[PDB]
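Please work from the sequences and hints to get the whole structure.
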Amino acid sequence: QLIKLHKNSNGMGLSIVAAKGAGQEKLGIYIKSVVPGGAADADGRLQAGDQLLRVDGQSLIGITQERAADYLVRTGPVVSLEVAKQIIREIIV
Amino acid sequence: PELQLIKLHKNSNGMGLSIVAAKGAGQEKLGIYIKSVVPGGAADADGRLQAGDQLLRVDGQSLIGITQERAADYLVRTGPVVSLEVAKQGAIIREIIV
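Protein chains in written order, with our numbering: chain A, 974 to 1066; chain B, 4 to 101.
A portion of the hints provided could be inaccurate.
[What the hints assert, rightly or not] Chain A stretches covered by chain B per the calculated footprint, using a threshold of three residues with CB under 8 Å from any CB of chain B:
#1 1040 to 1047
#2 1055 to 1066
[Said to hold, decoys possible] Distance windows between CB atoms, simulated:
#3 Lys977(A) to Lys32(B): 44 to 52 Å
#4 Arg80(B) to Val1046(A): 44 to 52 Å
#5 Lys26(B) to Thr1037(A): 42 to 50 Å
#6 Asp76(B) to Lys977(A): 42 to 50 Å
#7 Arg80(B) to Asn983(A): 44 to 52 Å
#8 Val1008(A) to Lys32(B): 17 to 25 Å
#9 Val79(B) to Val1008(A): 36 to 44 Å
Keep in mind that the hints were calculated from the coordinates and are not lab data. From the three backbone atoms N, C-alpha and C, an ideal C-beta is built for every residue, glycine too.
Next up, the structure:
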């Protein structure tokens, strides 16, 4: 699923970590946390654990942490992310 | 590495861990390492276990210097509460904000 975020001065509002998720041999980029108050938080679709596959068409799979982080910081005000959603977001009680 | 005793409470999806046999830098003996912590899983919810931590022992059974297949045999035959002895990974994971 594709997700477009409108960055503010604090950017996308994503804390990220490089890891090899269960079943994957390749290094991937994962959302550690969604910064409260930020663009990603307001959009609401992204959550901790989701994998960022592409940013503006560029692959974030099987590359070093430094290269992936560079691709993410060198984006424009509107960024297009290709996500892997890794079901119930909330529960009414 | 610092040692920690961890009593992990499983759920319906197990421990929520992906493990791998590898040798830590320097160590000659094979070790059982956490490759990944599954999001929303039991270990994830517990919060103490992290990728890179070494599982040394489970319910009194050693996991050091053994093949990867034997380790999984032990681990899947555990009860609801898993008594782990772990070696905490040393690296300081830097916060990357974008």
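Hints, verified against the model:
no. : hint                               : verdict
1   : 1040 to 1047                       : holds (count 3)
2   : 1055 to 1066                       : violated (count 1)
3   : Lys977(A) to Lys32(B): 44 to 52 Å  : 49 Å, holds
4   : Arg80(B) to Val1046(A): 44 to 52 Å : 46 Å, holds
5   : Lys26(B) to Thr1037(A): 42 to 50 Å : 22 Å, violated
6   : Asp76(B) to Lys977(A): 42 to 50 Å  : 47 Å, holds
7   : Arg80(B) to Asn983(A): 44 to 52 Å  : 48 Å, holds
8   : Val1008(A) to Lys32(B): 17 to 25 Å : 41 Å, violated
9   : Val79(B) to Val1008(A): 36 to 44 Å : 37 Å, holds
Checked against the numbered hints given earlier, this structure breaks hints 2, 5, 8; the rest are met.
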